[PDB]
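Next up is one chain by itself, shown in structure tokens, the form deposited without ligand ACO.
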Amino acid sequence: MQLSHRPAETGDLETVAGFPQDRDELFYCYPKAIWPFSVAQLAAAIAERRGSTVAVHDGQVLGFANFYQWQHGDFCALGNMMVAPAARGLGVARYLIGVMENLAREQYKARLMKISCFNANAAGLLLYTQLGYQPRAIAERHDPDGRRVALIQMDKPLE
């Protein structure tokens, strides 16, 4: 894996919008989105968020992430973390999370990164734990079927 990163571009939209493979995956990375996902929904998120970034390997966009909260001198909150289906488990999310941690430190002077993860997303909970994130709180949310889910709110000091 030879990964690089750059800001997301218009031309990447269609690729990235192809990443969520089912309603659960879309919900875990973008819970306000409606299935089926679309470029317009992704672009609307990008326009109201900050730091939309892609990860690239062998000429392919393999990952995407941004911030949905940012508070200068304080923290950022990571969201829209998506990985191409052929590139799962290969370190793309770990890579991009490290890039986003640097961006939060450098641009926003953040002392903390927040990641919230829905309870069903075991792979996410385990990854964030490996990367040094700690659970802090659990909040109730509702999924598109009106069923109660638990949002596990995690954080990590930055340096």
The other form holds:
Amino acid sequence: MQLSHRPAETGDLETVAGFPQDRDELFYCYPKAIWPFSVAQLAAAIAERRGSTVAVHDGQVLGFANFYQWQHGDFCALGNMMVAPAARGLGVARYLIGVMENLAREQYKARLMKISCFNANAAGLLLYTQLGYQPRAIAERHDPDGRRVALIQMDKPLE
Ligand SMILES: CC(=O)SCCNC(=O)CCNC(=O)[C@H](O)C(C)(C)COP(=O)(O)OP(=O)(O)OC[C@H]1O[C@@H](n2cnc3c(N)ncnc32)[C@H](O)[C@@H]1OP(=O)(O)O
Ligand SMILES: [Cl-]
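Switch over from the form deposited without ligand ACO to the form deposited with ligand ACO bound, please.
To see the whole picture, the full complex is given below, headed by that same chain.
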């Protein structure tokens, strides 16, 4: 998987808004969104966030991520991490997380990256563990059916 990256563009949003395959996946990567996902919901997140970036391979947009918190000299918090279903398990998220780590360091002078994953998202928890993130805290949250879930907050030093 040779991959490139660039800022997200308007024409990318239809494709990216197709990445979550079901209500669970949408909850995991964007818990304030409501199913079905739409370009309007994606565009609204982009407008409130920073660093919205796509990963591209062989002319296809395969991954998306951004920051929902940014604090210069301090940390960024990575969210909306989503990969095309036909392209999972090929390193897209690993590549994109590295690009976002570099952007945090270079543009934000961040010392730390924060992420939070819902307990049911095994793939996400294992992704960030593989990339050297460690768990710090667990917070109670609710899913769209009002059921109690656990949000696992993790972080990683950027040096
Ligand atoms: C902070 C957040 O935004 S959390 C939200 C994460 N997003 C979602 O859950 C939305 C739906 N899911 C997806 O988009 C994807 O499955 C992602 C983002 C979780 C993973 O993206 P991928 O590009 O498939 O992951 P990538 O291939 O880069 O794998 C990197 C690591 O993730 C983990 N991983 C990825 N998929 C799986 C899986 N199906 N089962 C177990 N571990 C997995 C492994 O640790 C893997 O490392 P390895 O292959 O060296 O063992
Ligand atoms: Cl998010």
